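Number of protein chains: 2
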Amino acid sequence: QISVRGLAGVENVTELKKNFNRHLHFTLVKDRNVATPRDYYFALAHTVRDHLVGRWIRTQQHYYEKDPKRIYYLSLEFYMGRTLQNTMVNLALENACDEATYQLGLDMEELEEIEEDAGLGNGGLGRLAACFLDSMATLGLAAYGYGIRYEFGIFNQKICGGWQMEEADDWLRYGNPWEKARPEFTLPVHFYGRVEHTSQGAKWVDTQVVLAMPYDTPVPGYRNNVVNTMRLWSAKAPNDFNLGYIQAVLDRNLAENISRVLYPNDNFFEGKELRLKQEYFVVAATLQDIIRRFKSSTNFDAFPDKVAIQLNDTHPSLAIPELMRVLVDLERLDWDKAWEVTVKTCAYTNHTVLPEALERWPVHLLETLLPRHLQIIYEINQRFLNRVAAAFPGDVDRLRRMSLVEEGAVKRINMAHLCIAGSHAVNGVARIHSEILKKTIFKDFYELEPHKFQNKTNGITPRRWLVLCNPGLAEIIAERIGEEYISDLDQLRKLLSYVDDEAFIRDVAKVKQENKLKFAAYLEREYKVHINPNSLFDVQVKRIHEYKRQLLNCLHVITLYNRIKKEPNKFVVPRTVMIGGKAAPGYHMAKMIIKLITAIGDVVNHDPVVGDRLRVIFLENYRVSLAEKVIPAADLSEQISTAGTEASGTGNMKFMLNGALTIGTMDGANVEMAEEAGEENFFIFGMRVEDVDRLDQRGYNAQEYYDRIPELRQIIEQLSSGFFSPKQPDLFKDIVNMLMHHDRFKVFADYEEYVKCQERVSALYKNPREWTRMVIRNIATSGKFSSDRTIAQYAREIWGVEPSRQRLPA
Amino acid sequence: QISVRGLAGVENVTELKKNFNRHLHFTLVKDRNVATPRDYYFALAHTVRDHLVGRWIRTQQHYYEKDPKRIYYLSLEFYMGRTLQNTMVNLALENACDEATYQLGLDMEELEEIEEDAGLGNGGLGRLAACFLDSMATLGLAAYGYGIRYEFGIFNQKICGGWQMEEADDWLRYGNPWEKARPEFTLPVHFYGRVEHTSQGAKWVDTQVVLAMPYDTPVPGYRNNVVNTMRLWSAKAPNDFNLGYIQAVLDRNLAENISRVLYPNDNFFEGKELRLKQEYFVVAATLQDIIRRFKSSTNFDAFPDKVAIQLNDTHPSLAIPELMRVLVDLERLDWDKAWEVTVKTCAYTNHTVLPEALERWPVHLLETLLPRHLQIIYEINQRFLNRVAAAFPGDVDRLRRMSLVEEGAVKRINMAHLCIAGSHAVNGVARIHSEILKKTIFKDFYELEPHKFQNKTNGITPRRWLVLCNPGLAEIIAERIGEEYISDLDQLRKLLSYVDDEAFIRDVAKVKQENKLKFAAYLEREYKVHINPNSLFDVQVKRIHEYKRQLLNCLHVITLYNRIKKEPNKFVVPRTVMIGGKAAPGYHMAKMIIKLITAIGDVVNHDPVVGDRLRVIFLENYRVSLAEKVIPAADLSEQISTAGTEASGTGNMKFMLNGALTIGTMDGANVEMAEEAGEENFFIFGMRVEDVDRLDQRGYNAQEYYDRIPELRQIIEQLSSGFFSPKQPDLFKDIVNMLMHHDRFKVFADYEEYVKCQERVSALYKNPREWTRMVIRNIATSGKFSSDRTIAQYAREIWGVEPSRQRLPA
Ligand SMILES: COC(=O)C(=O)N[C@@H]1O[C@H](CO)[C@@H](O)[C@H](O)[C@H]1O
Ligand SMILES: COC(=O)C(=O)N[C@@H]1O[C@H](CO)[C@@H](O)[C@H](O)[C@H]1O
Ligand SMILES: *Cc1c(COP(=O)(O)O)cnc(C)c1O
Ligand SMILES: *Cc1c(COP(=O)(O)O)cnc(C)c1O
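Respectively, the protein sequence lines represent chains A and A'. A prime marks a further copy of an entry chain.
For the first sequence, the residue numbers in PDB author numbering are 12 to 254, 261 to 314, 324 to 836.
For the second sequence, the residue numbers in PDB author numbering are 12 to 254, 261 to 314, 324 to 836.
Quick caveat, the hints were computed from the structure, so don't treat them as lab data.
Among the hints, erroneous ones may be present.
The list cannot tell twin chains apart, which means a pair is met if one copy fits it or any two copies do.
Dumping the calculated DSBU-like pairs for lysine-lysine here, alpha-carbon to alpha-carbon at most 30 angstroms [unchecked claim]:
| hint | residue 1 | residue 2 |
| --- | --- | --- |
| 1 | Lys191 | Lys28 |
| 2 | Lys810 | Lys29 |
| 3 | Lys191 | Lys29 |
| 4 | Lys29 | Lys312 |
| 5 | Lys465 | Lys544 |
| 6 | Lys465 | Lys759 |
| 7 | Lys247 | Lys544 |
| 8 | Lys592 | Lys363 |
| 9 | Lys596 | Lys294 |
| 10 | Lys544 | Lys29 |
| 11 | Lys289 | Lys753 |
| 12 | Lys469 | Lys80 |
| 13 | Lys536 | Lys554 |
| 14 | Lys810 | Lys753 |
| 15 | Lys592 | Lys782 |
| 16 | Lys617 | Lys332 |
| 17 | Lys592 | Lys520 |
| 18 | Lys294 | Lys247 |
| 19 | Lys536 | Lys591 |
| 20 | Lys792 | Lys29 |
| 21 | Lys294 | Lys544 |
| 22 | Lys591 | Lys617 |
| 23 | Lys655 | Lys478 |
| 24 | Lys191 | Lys247 |
| 25 | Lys464 | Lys169 |
| 26 | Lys536 | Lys247 |
| 27 | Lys810 | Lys465 |
| 28 | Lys247 | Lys289 |
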């Protein structure tokens, strides 16, 4: 149908059809008379998968022959989403498969909706890992993603009575056609035990053993015939485990629980033993695999020349002491040489500055679970502090501030300090974030080793986030500038010469309208909810958290509602406000915010006077597959975190690339986005980081804003009086109390400027032509935010490898 | 190579080779450079599996079109063993696959050894179910085997320090290529809750739900293109299960534990809650599936005409009250009509008379777990006893003897009584066993309803137990009488006309020698143990149990050893005594018997004076695959259970068909085997059932035998003095105490006659020609013991269906 979706050759369509029927028969063991839609989905999945194998086998054989430096990206999260369409896009098989299934009397889009999301992540951090794998494959890097194969990913969110209900994400129920179990590479992981000091070296003995079984999933590059690997470990008990009889067998579950479920927290540290076990589990299995592959290429001096380990935050920080343990205890290298190798091999990426999100493990936990690692950590700390003492003689407070060991009620290990000490590079994920790291939380470290600190602004893959989810936009763009931009997003700048092109302006606006119509229909299909496609689609989708300030958005919504009730027959630009995102199960305030949102909708959506001028919808179960649907349909992107709290943000980039204008604070990547597009083409408002600091020094007093802003006072009084909760008048008392007495994120402080800015948005929307021209200016300057640019910088500035755009023989 | 293995056509060999390479590439994602033997095994398995699908799909379509009466065999055990070779045999692909793999540079036999046994059974009862499935498919019956897909089957037995060690049988570790998950047919099973009595009928409410997910495995008939199904249920927790968050997800294990492991008991009842849950789990899921299929053919009067349910012992006895529950509570049929349908639908097979093996569930357990079923059972009992009271007025003791409810310390439900009352047919598994049922334990029931009692002597499938495990013997036989006997075993009688044929006599003897050489080599390969292939192979393989009397065998072995030590330079026929079998983990005496056996071997195998004249080997981890190796190599089959205890026995039939002579008591099927072959061609000894009864009436006094038999006294003194356990003089004190004071199985009573009989065996072995002629007479008369004969009788006399030998279009 459309150009960017590839060719539908006669030979290929014929081949696809026969292989489809072959799998339906031999693989699914079914006939066209009893086959269900799910059966057809699997037949198609296996058919597409077949096209990957040849390339997958030769890519790996290629790396063996050339032996390039290997990149290992360690993460406890890989938010992959669905794999079928992405695979077709990267293999240029979309139109062929669409035609083939069409001829078989099937609708491919219907089949794609059957695939379960691989939701092995919470949000931004996990999705970044997924985008990175795509880019590393597209740039021809010998990269491997290593993680855990959770039996249950992020929970499926259900809304009952306006409240969030959690249900298990049994994503493997019907099977996973993309993965390939590799039991032959199963490795042992040790826990507990004790340390024994012998004549020659220490020994970790009397440990409990848990097996790590790997499952490999192919990661295809964009049309370059490269297929890398994502290896996820699954926990298995040894067969002699606990070996009355029956109980011993049933207790195998204890060991296998390690890979059972993903901790559902976004930007929040929960110091539970099971989580620590998961972190060591992935690190121990991965490092053995890395060393095994290295030897199969004694001379560990060349280890850093053949290996690069990237730590996605501190979750896999134990890789540092584990590498030391192996090199020192097992390989018998002297400490100094081992440390040199470790530092040159490891690099650390920080993803937040919120104190509650930093990992600080209790010493008593490490002491019992990983006794040898604790000893190695104390030794690392000892030698590191000796270096600090030599550089800053007499500065005793600096010593206690930089220590990896934190004193107090209970001693803890600051994992971030461990990562900085044992890594040759430390980076933030957006310019402002990286600067904050050097100026605040990591200031002492920056002063000791300035060369270690870098910035690597985040990005998103234009394959999944443009071509896959918005083919209509990808097509009108390709029509003007070709298809080269898909793997060289900077070329979108050429669109700047079409900002005055009446034809282009019309096409851009038409694509958006079509996306909105499609999404508007979807809402009624799977969720039975009516919305006016002519209204401005105002959306804020991301995990629910106080720092992201969904509450500020709520305040604006209520303001709009009160204004309409005050002057009913006054014209206002129609809006459909959409808010979606999951709240961590144990995050009470976050769950209350969800209830507030649905409560507001209950009132606003049923008020006769409002009509179709204002609608408030809460998008249930926001996940990757849902993002691919709502983002292309958005007009306004809400990125309103308090300045200095959102390290980078990536959802913001997805909206910019898909034709939505942005209203937001100068926080995270928003700053660079506005810089690229021009501040006049962005809706910036609120306090800057400096303004927040000034307020804190003076003391934030929410009462002041309440006393001086009549409209704000009214909203708070409505909340307190039960206006939004008739049967439960004090239902939102906790929210009001927090806002009024202990709001760490200063919601009230940005209220006035936010509302004013929103009026400017409605003003521009009333002028279709000018709204679209500003949109074009945003799309045209979103090139910098491609994860291909991000990965190329990591490759050259951190890993020491050169990216390649060369195709491999298919 | 050999005739009976089929043709190796050029076209087929070429096709097999290409499909083998296809699966290695696309299915296993590997190349010939990194493929391991396990990889090659799977490539072959998938290749053979492909040949089954077409036939499997059309067989099921066939049953849908013709709608014949369906046979449902319910069992908690299906001891299948390996599937690859069996599939090739039934599809006549063995030589083709052998040639194809040969050309690819691979040894098929080596690949077959890689497959894990599907050990979902304990012994005889579970293997009978497996043989039955094979025969039902070969006889063209629309049969379905229903059971549980245990994650862990019978434990793998390891021998350490002469003691049995148990280790988990993780048979699904590398995957199961034969099964096909059918999540689309997942069904709910209810537990706990309470009964609510409403205006119209009772309702079972507030129950906990566990999902039953089916996995289908194909069951090919012998060269008739019929492929039936074995459906095994797997337990799955619902997604809203227990829905802090993490714990709720981890607790899903509680529900899924139902299908986690097989209870490892042979002829022993263990009243644990988990076992009861397994029994109801299989019954509830299966019955819903049966009824669903029935409706997809309201008129339950025709239910018995379209459905037959065979209960393999009482394990699935809850099918009776569950069927009543569904018909009465859900379908709204009146009790009397529902009962009529239930009785006409169900049939029960008893497999033992040992009191400790009978199921008697505590009322308090059923009361809590299945409240509605308990009520239905009380009602059934009430109406049944009313019938008894009317037939035998005033006989109050008969009423208490026949009640389904047993009074006493704790009230229990006698499941056997439940089965007899709710079944239209009850059968024993050997003529003598069925007679004992009518004369003793079920006497009262037989007097009330004589027409219900039948006999169906057991059998074994000649496919796995002759053609598959002993191709050499199958070939020399086919050379003389053709291949028709493989599916019409009675034709072996034609071999009687070759008993004087010098050529045949030589071939029979040659095949046995080759089998012994192969097995003798195997022992050194995987177990490093030397044995003299020229000796008589004396073997007893079966589960370890006191009633099977492995101890009597031990006494004979020690006798032989003492005699040699007494007259060292006297000639004796060399023997290799092999004993193997697993002991239930909680069966202490059984574990002590294993230790005694290895202890005897430790002494006998290292005595210089004995030389290679006597060897005692304990065959580790006896299972189906091992049986296929040792049985064809045996000369003497030990079937020495105390008369009246072995219901039938089936191992005895396997040995008879494979050229071994039998030494045994007139117990179980041994009686019919001797009757078929002629008592002069069997080595019978010991007390008959009548003799055992006389002894019990008089009182068994073991001391008497000890006082009057010098050789026996010596053995007991050696055991007591520590002769076989130097470091632990009283190690076998429990064994001696049991033998001397509380031996329920009268080991001593048959000692003298057993030893005398064994001398007659050694005498015949010294005459090769006559030994072989007697062997021929046994093989020639083993036809009656084919499970095809057994199934044909069940079909005509119980299920009301006619077996068919007609091929289906392939
Ligand atoms: C440990 O931090 C987190 O939980 C987390 O998800 N952080 C997130 O990581 C993303 C990728 O760098 C950033 O864009 C987000 O701003 C940051 O909050
Ligand atoms: C519940 O009984 C058992 O545990 C069991 O395995 N019984 C066995 O069943 C076999 C098949 O009929 C018979 O041949 C054996 O003699 C009987 O002991
Ligand atoms: C892109 C993405 C995120 C990150 O969004 P931010 O607004 O940067 O927090 C979270 N969840 C999903 C499903 C995403 O696709
Ligand atoms: C045939 C068989 C049995 C039954 O043997 P009996 O001697 O009748 O108890 C038990 N186990 C296995 C593995 C078998 O093949």
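Requested in this report: Find the hints from earlier in the document that the structure breaks and name them by number, from lowest to highest.
Outcome: Violated hints (numbers, rising): 2, 4, 5, 6, 7, 8, 9, 10, 11, 12, 14, 16, 17, 19, 20, 21, 23, 25 and 26; every other hint is consistent with the structure.
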